[PDB]
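Peer 1: Spelled out, the chains give:
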Amino acid sequence: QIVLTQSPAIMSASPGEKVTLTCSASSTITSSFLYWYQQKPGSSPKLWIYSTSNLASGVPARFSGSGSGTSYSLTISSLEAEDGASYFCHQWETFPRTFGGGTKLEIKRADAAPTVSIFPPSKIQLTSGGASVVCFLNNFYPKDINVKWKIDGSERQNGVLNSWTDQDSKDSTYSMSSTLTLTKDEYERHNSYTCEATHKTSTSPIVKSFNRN
Amino acid sequence: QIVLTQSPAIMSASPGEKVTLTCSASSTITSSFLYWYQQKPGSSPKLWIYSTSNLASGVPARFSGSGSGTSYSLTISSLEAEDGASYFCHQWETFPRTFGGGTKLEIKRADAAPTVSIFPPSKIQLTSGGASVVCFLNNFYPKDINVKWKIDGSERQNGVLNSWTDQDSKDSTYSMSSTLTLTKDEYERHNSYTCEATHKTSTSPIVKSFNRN
Amino acid sequence: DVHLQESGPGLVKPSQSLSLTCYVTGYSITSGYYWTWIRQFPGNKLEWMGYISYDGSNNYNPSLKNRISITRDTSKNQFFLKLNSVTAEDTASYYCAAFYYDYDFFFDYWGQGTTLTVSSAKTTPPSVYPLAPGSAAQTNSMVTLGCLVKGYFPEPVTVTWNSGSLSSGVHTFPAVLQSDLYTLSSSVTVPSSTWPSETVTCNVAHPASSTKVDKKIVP
Amino acid sequence: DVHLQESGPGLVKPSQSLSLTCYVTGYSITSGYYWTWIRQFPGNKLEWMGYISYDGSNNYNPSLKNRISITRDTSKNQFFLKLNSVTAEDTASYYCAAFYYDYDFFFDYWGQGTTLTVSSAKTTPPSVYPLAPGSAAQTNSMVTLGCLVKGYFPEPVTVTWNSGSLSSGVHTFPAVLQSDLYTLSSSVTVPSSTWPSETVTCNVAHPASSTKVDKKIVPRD
Amino acid sequence: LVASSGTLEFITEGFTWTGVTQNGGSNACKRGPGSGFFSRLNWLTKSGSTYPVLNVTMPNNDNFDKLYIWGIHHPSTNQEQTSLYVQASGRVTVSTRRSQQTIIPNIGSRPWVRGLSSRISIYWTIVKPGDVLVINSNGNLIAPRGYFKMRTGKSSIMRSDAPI
Amino acid sequence: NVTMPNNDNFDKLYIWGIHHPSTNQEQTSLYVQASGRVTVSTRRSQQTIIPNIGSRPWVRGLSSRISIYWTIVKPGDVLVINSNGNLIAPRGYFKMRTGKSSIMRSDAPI
Ligand SMILES: *[C@@H]1O[C@H](CO)[C@@H](O[C@@H]2O[C@H](CO)[C@@H](O[C@@H]3O[C@H](CO)[C@@H](O)[C@H](O)[C@@H]3O)[C@H](O)[C@H]2NC(C)=O)[C@H](O)[C@H]1NC(C)=O
Ligand SMILES: *[C@@H]1O[C@H](CO)[C@@H](O[C@@H]2O[C@H](CO)[C@@H](O[C@@H]3O[C@H](CO)[C@@H](O)[C@H](O)[C@@H]3O)[C@H](O)[C@H]2NC(C)=O)[C@H](O)[C@H]1NC(C)=O
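Going line by line, the protein sequences match chains A, B, C, D, E and F. For the first sequence, position 57 (counting from the first letter as 1) is numbered 573 according to my numbering, and the numbering increases by one without interruption. For the second sequence, position 186 (counting from the first letter as 1) is numbered 702 according to my numbering, and the numbering increases by one without interruption. For the third sequence, position 218 (counting from the first letter as 1) is numbered 266 according to my numbering, and the numbering increases by one without interruption. For the fourth sequence, position 33 (counting from the first letter as 1) is numbered 41 according to my numbering, and the numbering increases by one without interruption. For the fifth sequence, position 80 (counting from the first letter as 1) is numbered 85 according to my numbering, and the numbering increases by one without interruption. For the sixth sequence, position 49 (counting from the first letter as 1) is numbered 91 according to my numbering, and the numbering increases by one without interruption.
Please keep in mind that the hints were generated in silico from the structure rather than gathered at the bench. Just so you know, even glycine gets a beta-carbon here, dropped at the ideal spot from N, CA and C. One or more of the hints may lead you astray.
As the list claims (entries may be wrong) - When the alpha-carbon atoms are kept at most 27 Å apart in a straight line, the in silico BS3-like pairs for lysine-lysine are as follows:
id : chain 1 : residue 1 : chain 2 : residue 2
1  : D       : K84       : B       : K534
2  : B       : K700      : D       : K130
3  : D       : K53       : A       : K534
4  : C       : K264      : D       : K223
5  : F       : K116      : F       : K142
What the hints assert, rightly or not - If the Cβ cut is set under 10 Å, some of the chain E residues that face chain C in the computed set are:
id : residue
6  : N32
7  : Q92
8  : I112
9  : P116
As the list claims (entries may be wrong) - Simulated restraints on C-beta separations:
id : chain 1 : residue 1 : chain 2 : residue 2 : range
10 : C       : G182      : B       : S670      : 43 to 53 Å
11 : E       : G53       : F       : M146      : 32 to 42 Å
12 : D       : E206      : B       : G669      : 47 to 57 Å
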């Protein structure tokens, strides 16, 4: 029943700032049964601090470590592209080992727009009664963007599906993916198929489809 | 204040000879403040002998070492392609640390010819007003060779620039490089462009250009 | 050091029994360390499932005893999981690890981890369709290629480029799930020019269905 | 990174001030060893510029003190070089290193080294044109390719092949200087046939001008 | 000898422990509220991602014998080392013009004492006036913060439960 | 791996040693192996030493040094030296008398 709650839960900063995650706790835990794990996507939690304030066999200096009562900490001298990840404070006081949520860490970078491209449903994909029209919106800033699928005309929901990805390695950018799936027939209905990327970047929604002669 | 002079300054020998470098010295140095460095192009002096006579962490057996008063030495059991480079005796007696010149060491091998090739100026290179016609003359023997740029007709200087390289790794060969630069126009003046490689190898100057279509 | 390898089915239907397995190598799981199982849910939430130390049949599971149940096989030097009757609530990433513990020191080992998916629906092969810009071009700079994976289940699949050689510039999104099937896309990007010429293909693999197929891109 | 890294500008105008830097990694330059700067001129002649041991602000420079002046930053564990007012005479390769010393022993560490150029010319990005045999062939054996770097300054630039994969059979010639610009060429050599098929590119790099660009040898058969 | 010297008067000379993390702390040697250590001792661990080789010289110019109390650390797991000292095998060396003694740590598993399963070995070196002390470790050094004065006098120590 | 037996009818005294370098490179430099090792034994004896690389104070120039050790082999026993570096081997044995001698620190003149 221990109750650990790391604070920002999801947050960002810049290459150089003094980042600081916290982690409360139902009851009190002795200053050597609390740890922190640094997990990146595709990995598995990697140990980062034992006994409340000691860095594991690899961790770089920028990472201080602290905590007393039912309240602990993390902290970074500066902040590096690299340091961008999620952290979980672990506890070992009482028997049902706990973790709580975690605090994700996006970083400060650019502010720049997407790079789009529209796609035609395969000859294969077609020969199946299916018509998948996918539109990529890569390496843009702010995780938030908004597309719109047109064809000949269209503003609201249709039959699209999207799935953004996590802040890139060295880009610390993002990419998203809308995909339009229709009946082979309903597709050979018109030959008008636009994708509308709307961003904080510019006011006029970078459009893409077949913008040429 | 204390000048060192290594003797051959530039010299050669063959794979198997007993090579021997010297190094004089303004005044006297105590047999343990004189060292030797083995530098190869693109590297940085690598230590080779300390205390006047002990090989440093790696040097191979074939290198003996010595030196007494104001005069020292080097020496090699045999001589391998590899050992081919330049050397500098260092001195640490008196405070203005010295080094003197060095004794280069070219090697012996074959007597063999170049392998030549002629090149057209880039579609790009062109689109800039420039016309660079480059001719390579690779891995031949004696560092001495003499090209002649022809075009339609030509024996003397024109607008060519060259730059040979140093004795290769395992080839102990050389390569050179003339390069013809002209005005896009003056290049689109004729369509004849021969490069003439002349060597100790054969009497008839290995020509290359467009000896076919 | 010590090594640990998860193991078991990629899925099961709500109710049967789950039965993971970890293979340790470099330490008699009877010589110290608390061999545990830890999993995290789709939401990325680490939840401690319990252990079994050198202490023997101790286990000393969590607060979901009801079924988290563990074993060890000193001969084969390996330990296991059960979890009995499972739901869809139980679908997640199952990991096994060992911890050290000291009052002044701590130190663990984990594992590649195995994905289990608890659902009714059936293991069902995916189909791969290539994404080329074909028709209209609009370039004079870097080009982008696709290649999408649709209609598959149970997770997970793995996508590449020319056998992994094309690493940089590719974004493989998170498959999106709909009515018992997954559908994802990858997003390579070769030089402004360099491609038409060069051969470029994605390599799709679905362990689940023994499916390994590539689909070279062309205009 | 875990030894010595030189650093600083690729150039400066005769008279200003040069300011090198060495980043040591693995030893408190306050724990023994004499951290020195050594440079060799175009003619390939190593010259002892001086030091500064653990002994602190000692420096114990050479016989050209007038300007050779050294510093250390214990905190960052790094030491520097000044040389003050410089001429063109002073243009060369600057190396930093550490020596051991013992009457019966000696042992050193050096560095990739930095090239500084003293001139008043303007740093200027290079252009990369590719050398293919296109037109006429004349083969039935190994083929050779080019790729040349023209119109760049201050030195230096680095050339390669398919990201360094093609190491053997390539010659990169000494860039030739003319009217404030260098122009060099590299010379790869793939198998008799094996090429047209396989992709092949040279990777050109000009630190001095943050220029990094490659140009695949577009077969022009 | 400490008994016969009869004085724990400590000079606190300062070393330059550049490139490692000073002032250690164990939950078994706590100082009031949290972790702590031995008053007269300094516990060094990695810098951030490493442990350089330490080479500190501390001469003795006073006219009296100086007594140095230092030691080495013994981890429990081959990884506990890695964890702390980077190098997989420590090394400590304390010498003078006439002295010299070198220790290597033993990695292992001792019984559980006050939480900890690893421990430390305490050593001593005295340097006579007109001689220097030198420490050279590449791991596990539990360095000293200074020297204890050395008296000759007429003192001793006794085990006794008699009340004064 | 050397062996040197004792056939004579008297106790032989061997004085040998091992060398400790200043840097992990002064070893490499001199003994190749990154970690010396010396062993001197007999049928009843045996003693092995491993060098402690490091920095001793500057003495007579040198910052490294040697560790002196001794081994006596009783008649009808063999001596065995086995080092892979840093061995400062001996050139022979000293004779061993029993007699009535000693040593004294004194400045008085004879
Ligand atoms: C090698 O084996 C020994 C004993 O087999 C290990 O020591 C034991 O370590 C455990 C923790 O790993 C200690 O357990 C704790 O004991 C206390 C005291 O009774 C209890 O309050 C705790 O809840 C927990 O049970 C145990 O004290 C300790 N036993 C002894 C006597 O040493 C040692 O850690 C093993 N080392 C490795 C690397 O496997
Ligand atoms: C470890 O540290 C010690 C001291 O910090 C280093 O020893 C010092 O080494 C230098 C040369 O490397 C010796 O310098 C010479 O001293 C004489 C004596 O006055 C002087 O005539 C010479 O011109 C020169 O300055 C110095 O004596 C010596 N000091 C002592 C007490 O040892 C040692 O070399 C360091 N080891 C490493 C590998 O860093």
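Peer 1: It remains to establish, for every hint, whether it holds in the given structure.
Peer 2: Taking the hints in turn, this is what the structure says about them:
1. Only pairs whose Cα atoms come within 27 Å are accepted, and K84/D paired with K534/B is rejected, the gap being roughly 48 Å.
2. Between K700/B and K130/D the alpha-carbon distance is near 26 Å, which keeps this suggested pair within the 27 Å criterion.
3. Restraint check for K53/D and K534/A: not satisfied, since their Cα atoms lie roughly 49 Å apart, outside the 27 Å limit.
4. Using a Cα cut-off of 27 Å, the hinted pair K264/C and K223/D holds, with the two alpha carbons roughly 24 Å apart.
5. Note on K116/F and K142/F: the hinted pairing holds, with a Cα-Cα distance of about 21 Å set against a maximum of 27 Å.
6. Interface restraint check: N32/E against chain C, minimum CB-CB distance 5 Å, threshold 10 Å, status holds.
7. Taking 10 Å as the C-beta contact cut-off toward chain C, the hint placing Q92/E at the interface is violated, the least distance being around 17 Å.
8. Using the Cβ-Cβ criterion of 10 Å, the hint placing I112/E at the interface with chain C is not satisfied: the shortest such distance is roughly 13 Å.
9. The criterion of a C-beta within 10 Å of any C-beta in chain C is not met by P116/E, whose closest approach is roughly 13 Å, and the hint is violated.
10. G182/C and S670/B have their C-beta atoms about 51 Å apart, which keeps the hinted 43 to 53 Å range intact.
11. The supplied range of 32 to 42 Å is broken by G53/E and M146/F, whose beta-carbon atoms lie about 58 Å from each other.
12. Judged by the Cβ atoms, the range 47 to 57 Å given for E206/D and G669/B is violated: they are separated by roughly 39 Å.
When the structure is compared with the earlier hints, violations turn up for hints 1, 3, 7, 8, 9, 11, 12 and for no others.
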